[PDB]
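Coming up is one lone chain in structure tokens, specifically the form deposited in one PDB entry.
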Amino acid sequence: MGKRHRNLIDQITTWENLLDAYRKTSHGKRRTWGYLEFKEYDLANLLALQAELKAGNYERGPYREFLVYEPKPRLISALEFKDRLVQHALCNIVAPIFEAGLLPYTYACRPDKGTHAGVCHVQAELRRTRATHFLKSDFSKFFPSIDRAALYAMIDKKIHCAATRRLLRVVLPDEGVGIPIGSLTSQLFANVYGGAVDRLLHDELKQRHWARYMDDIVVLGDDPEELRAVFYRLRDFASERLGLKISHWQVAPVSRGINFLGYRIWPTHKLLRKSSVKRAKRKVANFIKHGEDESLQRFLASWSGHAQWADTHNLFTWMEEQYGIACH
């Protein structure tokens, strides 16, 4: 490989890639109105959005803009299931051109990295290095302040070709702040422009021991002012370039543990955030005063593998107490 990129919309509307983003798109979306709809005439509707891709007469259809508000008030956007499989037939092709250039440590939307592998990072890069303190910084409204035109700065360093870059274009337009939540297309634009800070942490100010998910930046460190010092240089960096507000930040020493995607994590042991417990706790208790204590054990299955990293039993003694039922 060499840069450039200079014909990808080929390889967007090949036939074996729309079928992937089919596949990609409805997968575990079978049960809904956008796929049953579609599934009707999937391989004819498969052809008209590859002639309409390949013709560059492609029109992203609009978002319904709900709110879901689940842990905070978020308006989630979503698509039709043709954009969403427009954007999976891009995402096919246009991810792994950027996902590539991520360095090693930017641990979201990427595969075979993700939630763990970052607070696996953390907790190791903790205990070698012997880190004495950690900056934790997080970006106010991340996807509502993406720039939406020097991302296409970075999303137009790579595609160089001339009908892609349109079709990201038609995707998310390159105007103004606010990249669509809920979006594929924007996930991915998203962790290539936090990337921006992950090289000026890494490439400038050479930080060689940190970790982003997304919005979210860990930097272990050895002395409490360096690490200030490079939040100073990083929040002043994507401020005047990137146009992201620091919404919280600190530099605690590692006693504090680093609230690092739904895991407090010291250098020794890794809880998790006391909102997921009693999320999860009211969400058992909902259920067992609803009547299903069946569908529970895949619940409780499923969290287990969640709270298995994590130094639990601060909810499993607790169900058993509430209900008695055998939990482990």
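Between two forms, the rigid core is defined as the largest C-alpha subset superposing within 1.5 Å. Positions refer to the first chain, counted from 1. First, how it differs from the form deposited in another entry.
- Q297 shows a C-alpha shift of 2 Å or greater between these two forms [criterion: core-superposed Cα displacement of 2 Å].
- Here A307 counts as shifted, since its C-alpha moves by at least 2 Å between these two forms after the core is aligned.
- Once both forms are overlaid on the rigid core, the distance between the two CA positions of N57 between these two forms is under 2 angstroms.
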Given for the second form:
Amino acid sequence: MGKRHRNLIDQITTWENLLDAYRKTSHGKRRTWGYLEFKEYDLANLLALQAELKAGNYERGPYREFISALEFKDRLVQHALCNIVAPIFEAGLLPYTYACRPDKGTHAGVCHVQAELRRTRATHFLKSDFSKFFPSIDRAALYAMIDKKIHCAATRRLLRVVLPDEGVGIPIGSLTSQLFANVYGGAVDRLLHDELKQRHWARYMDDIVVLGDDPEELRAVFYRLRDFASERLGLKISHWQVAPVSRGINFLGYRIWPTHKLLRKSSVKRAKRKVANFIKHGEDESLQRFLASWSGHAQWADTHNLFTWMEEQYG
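Having seen the form deposited in one PDB entry, the form deposited in another entry:
All you get below is the one chain by itself.
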């Protein structure tokens, strides 16, 4: 919106937002030590957050890493950021990005692959899901995209507090991690759609479907996508394939042919239930081993809102 955006920490801390942030942070968590300790003096704590963010005195409390959780003030500060910072980033997200965008969501992603699998009758498909998206987001070339849109010195500082501008690891477990991961992988969206003039694709954070009406082209696109996201974005590509549309696009929990869409969702349910059980088994320490495992394989099926799902059902 007019490039710039050089005055957002004013809107992030504009109560009216720090309350939207509050109601967004508390939504679902109204049973979290964090909400309930915050809810007590909630609007005094929002006025002290309006004040700690307006004055840039805000410090993100240490991530409680079991999935790194935060505080309620922290998730509120992120909800405040990603109420002003999210809509200036999820505006530059090519429509075919489908993660952490309420409008263009999971289902619209599976619908979209199908859509532009139907139209153009794609003869071929590229899945190019990213490896450690969150654990290998440059958190540095991320902040060369969270800085070409923010341009607000103090928002940029709040972003850099809520998410340090140094490392290689967006903390999966944050709303700003969600947003910035979409933004970050939006660089590969803008190496698909902009460069690579690939008009037909879809992405949810790490999963990058790129349905293209020619095979070897989609393998080129992928190599170009991997070379980009490695050299520019330090995102190793865990799995990829250039399959004829017939193998099915294992995108976003579905297997999306032009015509049918066989929900393969099982890894998720297996993991959900596994986490589930582990917790109502007192085995929340081998769950960290399992979690680390599943955070390696089919977490590059962007099932992190599910990881936070099961960060909340169970601990």
